[PDB]
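Let's start with one chain on its own, the form deposited in one PDB entry, as structure tokens.
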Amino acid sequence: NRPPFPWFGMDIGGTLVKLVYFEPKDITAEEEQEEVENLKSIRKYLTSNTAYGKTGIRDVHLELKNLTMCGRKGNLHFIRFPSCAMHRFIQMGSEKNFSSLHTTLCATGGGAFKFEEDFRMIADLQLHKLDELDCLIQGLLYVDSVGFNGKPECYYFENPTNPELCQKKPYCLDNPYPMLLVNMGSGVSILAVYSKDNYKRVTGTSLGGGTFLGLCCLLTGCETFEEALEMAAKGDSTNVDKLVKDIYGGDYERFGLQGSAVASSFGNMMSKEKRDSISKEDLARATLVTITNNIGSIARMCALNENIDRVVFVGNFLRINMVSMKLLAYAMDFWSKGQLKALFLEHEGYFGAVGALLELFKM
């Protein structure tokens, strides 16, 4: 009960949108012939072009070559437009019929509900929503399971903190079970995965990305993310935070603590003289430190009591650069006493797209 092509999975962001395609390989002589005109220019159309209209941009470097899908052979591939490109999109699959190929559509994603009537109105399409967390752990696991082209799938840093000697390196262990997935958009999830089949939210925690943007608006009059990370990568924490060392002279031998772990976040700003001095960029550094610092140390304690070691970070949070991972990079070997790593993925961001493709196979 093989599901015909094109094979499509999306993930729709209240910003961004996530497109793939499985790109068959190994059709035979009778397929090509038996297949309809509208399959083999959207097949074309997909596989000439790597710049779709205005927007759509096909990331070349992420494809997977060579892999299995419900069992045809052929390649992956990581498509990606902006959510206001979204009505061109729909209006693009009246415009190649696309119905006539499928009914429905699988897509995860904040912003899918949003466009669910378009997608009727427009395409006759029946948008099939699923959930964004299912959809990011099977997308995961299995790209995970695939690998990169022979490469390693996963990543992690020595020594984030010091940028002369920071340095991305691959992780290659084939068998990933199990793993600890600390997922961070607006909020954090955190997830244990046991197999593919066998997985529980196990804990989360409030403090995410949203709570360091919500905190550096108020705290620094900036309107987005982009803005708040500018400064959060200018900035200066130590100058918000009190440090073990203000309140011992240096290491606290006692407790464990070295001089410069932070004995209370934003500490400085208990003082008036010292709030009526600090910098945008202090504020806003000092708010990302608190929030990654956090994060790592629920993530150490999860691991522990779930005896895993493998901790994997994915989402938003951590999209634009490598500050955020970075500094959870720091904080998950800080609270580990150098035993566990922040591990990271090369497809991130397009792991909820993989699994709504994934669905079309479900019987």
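Rigid core here is just the name for the largest C-alpha set that superposes within 1.5 Å across the two forms. Residue numbers count along the first chain shown, from 1. Compared with the form deposited in another entry:
- Once the rigid core is used as the reference frame, the Cα position of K272 differs between the two forms by 2 Å or more.
- Core-superposed comparison between the two forms: CA of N305 displaced by less than 2 Å.
- Positional change of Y52 between the two forms reaches 2 Å or more at the C-alpha, relative to the superposed core.
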Second form
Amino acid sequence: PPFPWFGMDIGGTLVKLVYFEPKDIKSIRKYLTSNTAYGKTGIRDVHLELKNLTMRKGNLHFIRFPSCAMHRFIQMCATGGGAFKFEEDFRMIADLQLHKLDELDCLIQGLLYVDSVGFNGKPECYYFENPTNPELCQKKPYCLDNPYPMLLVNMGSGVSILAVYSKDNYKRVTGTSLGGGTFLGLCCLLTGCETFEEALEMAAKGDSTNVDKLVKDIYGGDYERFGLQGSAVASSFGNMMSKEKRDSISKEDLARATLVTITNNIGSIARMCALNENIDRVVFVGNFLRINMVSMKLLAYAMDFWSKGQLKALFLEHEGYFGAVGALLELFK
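Show the other one: the form deposited in another entry, since we just had the form deposited in one PDB entry.
For this one, just the chain is written down, with no partner chains and no other molecules.
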């Protein structure tokens, strides 16, 4: 294949671009390498850069920028919903030759490829120890050298759970309609916020125990008969039919309760799927995790809760760029 090897994930909002810079052999090459920011909008996440990679030896770069500056980009292999929309501009202005690729297959291929090459000597996978304890919480590396088989929980507006047995064998096991879209949708209705970033920032600061009814609220403490700790949620939003309780809540509390309800639910479903499929590595991905680490930490707590500590929620360092990586890999085909 011929040089400038790119891969693109054009979403209706954010655009992800990955570029493999050949080491030790063209004005475009200098522009990318000599700049950390592009067009006063684009950003190049240097910390995600993969060095000494062999595809020839080179480095893999990760760049991102709003789908708005896509017109500027044109003036200066792809997947994503925004691929179609701009297919026109890609031809009218510059040269099209745009090969549309499936979002899911690109995600899987990219995810598996990055995990296989590692993160510059370190694992691509990680988890959280003591997720809900601000003072003890810690992101920890987890070597996932053989990801087969694994369960992939892809959280977008809704949630799809896939069982991955090989590069080309992944099937949807199940899913849930209570996902990121449910979180934002409810947050908009309950707090008047408008964006994901706003809702997540709110959730990170709130206290859901003001809106949710806890087990200890019913039994004064743990309910040993059911092996339920007093801190467990008995009923999500279960205190909200009481005017007195509503008088003590804040919008942040509502956002938090919404997020907690969704993450705890996903954890329960993912854990039962792991049990039924006999798989013990559950990896979580999706835009539902890209703005605030609060979501991952809550998913970490949920997986540990429902599994009784047997299963950890696993995450990937390059989440968000897998579709783009998958697109790039198609060039070699």
